[PDB]
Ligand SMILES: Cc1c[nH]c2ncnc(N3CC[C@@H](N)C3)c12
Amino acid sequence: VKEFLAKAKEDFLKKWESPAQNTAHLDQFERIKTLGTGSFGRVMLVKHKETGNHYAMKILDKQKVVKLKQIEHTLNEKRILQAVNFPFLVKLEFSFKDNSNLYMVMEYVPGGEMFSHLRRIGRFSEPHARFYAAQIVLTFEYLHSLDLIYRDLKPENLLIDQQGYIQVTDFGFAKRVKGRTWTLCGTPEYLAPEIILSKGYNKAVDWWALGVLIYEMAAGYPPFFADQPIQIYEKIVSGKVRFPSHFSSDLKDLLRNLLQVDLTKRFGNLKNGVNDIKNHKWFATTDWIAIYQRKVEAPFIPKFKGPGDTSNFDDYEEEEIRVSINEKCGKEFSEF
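Can you show how this chain looks by itself in the form solved in complex with this ligand?
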């Protein structure tokens, strides 16, 4: 069952070489409510006039993207999303550009971000965190085998589907990396030390981020927090972690080998690869196969009210979509 990965690499290679282009237009969708806002874009709930199906539509202002030096990151995002396929990665359904914007329309995930659930209840139990963690391990195994590094693992980007399973969204920082890359990007709390020290770094930054996610899920706070990003950066590069007293000793152990500044010593990045993680004490009762197949009982199944309910998501203030009458960033996005 590494033949699964061989076929997965061949499909990804084929979808990589010849990418779908311009497969819907704005005026086929009714825009409803913003469901989230980012540094660069915003995502709206959306109803396709012809089938009536609901989607999540990311909108990106081409000019804002050129301003914040996010072009290749934006081309990377689309190219990768259209080229991948895995249960716990959100489907891209359509993409297109008009005079002013890039648009990526994806499956609607109605349970809201892990982030909001987690903040409301403080923390998750260890069996629950474990169940969420397993999905990410499987997903990182998959993406790394395609030489894909993700780079923005965080509660905010993990949406909970109707079966209570994760769907990972926001591939803004996902890059196809042979060996090594250098862009300072990510989210401060989740950044590996390599990135902060402007070192030049590999897929092992995602395993670092995974340790943080699991800490935060089980602690209710991140292992490195302060009021400003540079100060988080100092806490991180110290490599100085304290676990709550209730973390099980298996969890302390896993987290120490994940929250490990020394690359030669970091789980994920070793002779044994991902199996150092999969075969570790704390994941011992995890059925990896039943997880991939979604046959495990989920910690919790979100409140359903209907097609087009957004009670699981916070409210944002709106901004209307202006399309311009003259094209705005031609050759920069020729390939989108």
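Numbering follows the first chain given and starts at 1. Superpose the two forms; the largest set of C-alphas matching within 1.5 Å is the rigid core. What changes on going to the form solved without this ligand:
Only one entry in 243, 115, 233, 96 has its C-alpha moved by 2 angstroms or more between the two forms when the rigid core is superposed, and that entry is 96. After superposition on the rigid core, the Cα atom of residue 28 is displaced by 2 Å or more between the two forms. The two forms, fitted on the rigid core, differ between the two forms by 2 Å or more at the CA of residue 40. Once the cores line up, the CA of residue 71 ends up 2 angstroms or more apart between the two forms.
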Contents of the next structure:
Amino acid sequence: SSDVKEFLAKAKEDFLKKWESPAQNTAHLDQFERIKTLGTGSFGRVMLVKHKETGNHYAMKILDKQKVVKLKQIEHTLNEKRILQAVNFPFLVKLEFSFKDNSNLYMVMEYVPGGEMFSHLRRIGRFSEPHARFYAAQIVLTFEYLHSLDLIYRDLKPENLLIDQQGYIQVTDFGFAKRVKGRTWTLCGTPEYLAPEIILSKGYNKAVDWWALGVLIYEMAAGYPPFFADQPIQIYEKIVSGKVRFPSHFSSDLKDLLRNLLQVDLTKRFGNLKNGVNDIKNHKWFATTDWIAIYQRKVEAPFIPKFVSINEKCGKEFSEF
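With the form solved in complex with this ligand done, generate the form solved without this ligand in the same format.
A lone chain is what you will see next.
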């Protein structure tokens, strides 16, 4: 109650200070030693780098400025960086440094070699209710924090979730996040996770994040998503149908929580009622959840994963980066 209200006041002070004065050019390419390519992003490579003084490793996203412009992602790229530099939470991947040169933008990310929940769920099949509850608890507090800042996450899915070296969740990609008060209308997100009000273009708010949590919790515990089909449009039709069947092994409590999260009626969906997130945190399925020890990372994990051009391009477009 009272500690949560002070904590969020401090959270929001900390955020608004960075949000209204974003940090720019906080490092330089020459401070980093290039090791190997980690993968490909939409606008360029993601490189493993080692800082030269600290020896710490990072995953440096390189974004070609001209490729950003012609894939039409200028404002999104600027917005993603502005949000990343301004937030701080145990379960959010950190933007450690950002800067730009003649050709590229660079987002130097925390690097956690780990294993994404996507692969882990695939290989293990499904999680016990306690294993899943432990993940879902970190998502709840993450959304509590993100929503107090008026941020909608809008992209929850196992691919954006890695299991770090202490076995905790790290939320990995802010490509779709948006700061908004009230409502917004963009269609985005992988189909399996979209709330009905997104599909139907009627406008939506941060309550879509709690629907998507209902989906993830369902998927982690069943081993498959509740709404699934061969084509995206069939997925869309099954979500709007809204008829959901639970496996025979789902507890009475889990079913009851899932029905309050996968709820088409916004006036009834958990998370966005007068009691806020406590309607979720106070549910019987979370009775055994110690929320403070989750936040402190003190709860024992269910498992610990396996062992440039000479000319300046698009200067006006990227001035605030």
